[PDB]
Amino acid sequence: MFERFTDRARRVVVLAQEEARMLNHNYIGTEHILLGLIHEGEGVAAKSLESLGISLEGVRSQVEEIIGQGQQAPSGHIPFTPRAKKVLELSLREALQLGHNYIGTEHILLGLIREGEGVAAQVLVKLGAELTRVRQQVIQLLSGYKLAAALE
């Protein structure tokens, strides 16, 4: 499905699989996409969360506290959960609502919040990372970057 994904956004979903592997989970949940997103660290999604005053280390610690560590590291491909698949479906819907013709890390963060049930949504809203607030923060951050770039 990942044809519309930017290099950074594909980097997030590859990192989600490796986050599951290292915690000994044989699934990729909303929790592993959120960890892949903060692991990437550089994209509009990580910057959007930091610009709301949220600690990325603090996000990792909150997620890891909830999900714990499985018993046996799995082998090869790790299957997405249906709600993780829903995050990725909603990332596309959020890109269309912003009039973007790409799926960036910022659309994955919106997808994670909009899924509204998982470990990712629970941690994020608890930190004040609500959907309409983050949509506006992503638009404003993109606008702010394009104005700064315009200086060089």
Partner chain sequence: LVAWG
Given for the second form:
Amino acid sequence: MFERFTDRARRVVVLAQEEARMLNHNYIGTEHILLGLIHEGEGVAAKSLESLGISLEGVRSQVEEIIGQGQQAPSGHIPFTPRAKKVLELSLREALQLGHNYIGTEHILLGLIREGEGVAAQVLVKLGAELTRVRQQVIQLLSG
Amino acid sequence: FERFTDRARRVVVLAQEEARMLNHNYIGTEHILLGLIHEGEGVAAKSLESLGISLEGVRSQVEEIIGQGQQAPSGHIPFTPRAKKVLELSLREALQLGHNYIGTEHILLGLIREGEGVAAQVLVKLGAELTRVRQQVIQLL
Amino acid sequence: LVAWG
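I have the form deposited without the partner chain already, so could you send the form solved in complex with the partner chain?
And the full complex, kicking off with our chain again.
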């Protein structure tokens, strides 16, 4: 379902799966997508998150605190959570409603906030970033 | 959305198990090759078994090239950049052939198109040239 | 698992 994803939006997902692999996690969840948005660095999502004071180490530290330690020999298959798949689907639906034929980093962050009830949304409101503020930051940076 | 088939998924699982068995710190192309043979049922397995590429023949050649590590890794094992390139080429191969899935046959095709890692070195040393492995897969399809 | 290198 990544047909209209931009090269940097594709990069976001790649970094997400590499974070889940490094952190010894069994799924690619919404919080790994959030980490990938920050890791990408250059897109509208990364700039928006930086203007809100959301750092890579703060999200990663909050994620390890919630999930905890895993197995010594986990299964090598790391699929998306159903919640992360819904975020990706809502990313497409957000960009379609805006009249865009592409899906960039800003649409993935918007879709993440739209779902707004997983690990990523939980880590965001813990780091002092209410979800409605993240959306307005993304929208106001897309205006100019 | 995931394009990898169930058996291609099983190959990746076995590849991580195989690297941990050898106390290796990466999932390389040679562990992907061992996952193809370990899976057994797919097209890639039946092909390699035709060219005379046994499961112990590859494990033996891997031991001579790299050998056992000192400590067994814990958690997930990262892919080599070369193994990531193999998986990327497996997708490009399936797209060029007009398929929407990534099966074991596309993983072996992407493995030989990269053709410059431990797996490619092992295959040649076992007597199977890279172009001959490619055709045993294509005519089987 | 996504595979875009």
